[PDB]
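Chemist: The lines below spell out each chain.
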Amino acid sequence: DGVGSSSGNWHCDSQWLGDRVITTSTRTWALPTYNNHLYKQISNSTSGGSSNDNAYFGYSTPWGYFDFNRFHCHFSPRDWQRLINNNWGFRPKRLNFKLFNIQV
Amino acid sequence: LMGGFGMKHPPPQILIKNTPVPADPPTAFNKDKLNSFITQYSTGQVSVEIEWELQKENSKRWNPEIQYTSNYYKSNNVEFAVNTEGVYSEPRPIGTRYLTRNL
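Line order of the protein sequences matches chains A and A'. A prime marks a further copy of an entry chain. PDB author numbering puts the first sequence at residues 219 to 322. PDB author numbering puts the second sequence at residues 634 to 736.
Think of the hints as simulated: they come from the structure by calculation, not from any bench. Hints are all accurate, no fakes.
Distance condition first, Cα-Cα at most 25 Å in a straight line; then the derived SDA-like pairs of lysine to any residue: (1) A'/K693 <-> A/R312; (2) A'/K693 <-> A/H292; (3) A'/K693 <-> A/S294; (4) A'/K689 <-> A/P310; (5) A'/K689 <-> A/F308; (6) A'/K650 <-> A'/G677; (7) A'/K689 <-> A/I240; (8) A'/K689 <-> A'/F638; (9) A'/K693 <-> A/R309; (10) A/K316 <-> A'/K693; (11) A'/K693 <-> A/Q299; (12) A'/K693 <-> A/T244; (13) A'/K689 <-> A/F293.
Which chain A' residues stay away from chain A? Per the calculated CB distances, all over 12 Å, these: (14) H642; (15) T676; (16) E684; (17) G728.
We put the CB at the ideal spot given by N, CA and C, even for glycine.
Based on the provided sequences and hints, a complete structural model is requested.
Modeler: The structure is reproduced here in structure tokens:
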């Protein structure tokens with residue numbers, strides 16, 4: 219939109235329906251410049267390691283990534299307690315992801 | 634004061650009695666009330682169904698609440714179960730106030 223208008227609101231809550239629970243979590247993030255905008259070949263030689271079980275080859279990218287693959291990223295301790303004390307099972311169904319209020 | 638719900642019109646009293654069955658009366662009329670009855674008792678099943686309304690909790694508390702729970706530690710008998718002689722027992726009084734809300 220514009221410089222002086224927010225592009226999103228802070229949504230962080232849990233909604234408990236009958237057979238469904240919807241968890242929403244919002245966090246503030248910081249993203250630096252990685253590798254000074256470069257791709258770099260990396261290996262156990264570049265990290266100084268010489269045991270063959272620990273040998274590797276790959277690349278480090280200037281890109282970051284968002285990870286929310288831990289349960290506490292979505293469930294508060296009270297919500298987790300409710301889930302574990304009141305349900306025989308659970309599974310994820312669908313996902314909604316948002317990035318907003320970008321500040322460089 | 635002992636706990637519970639006070640009502641002007643609570644559930645009504647349900648009263649039950651075995652109808653007296655007189656024994657053999659004398660063959661000559663006697664005006665006195667009969668005092669010889671057949672020894673009787675009755676048995677049967679009784680069912681009561683009550684619908685309860687619930688007030689769900691909408692707390693924003695972050696840390697987990699206190700909850701009533703059984704103890705995993707081994708014991709000779711299971712709490713709220715029968716003994717080896719078939720005797721059912723309630724080992725402790727259980728209240729209702731474990732969840733929390735602001736004042």
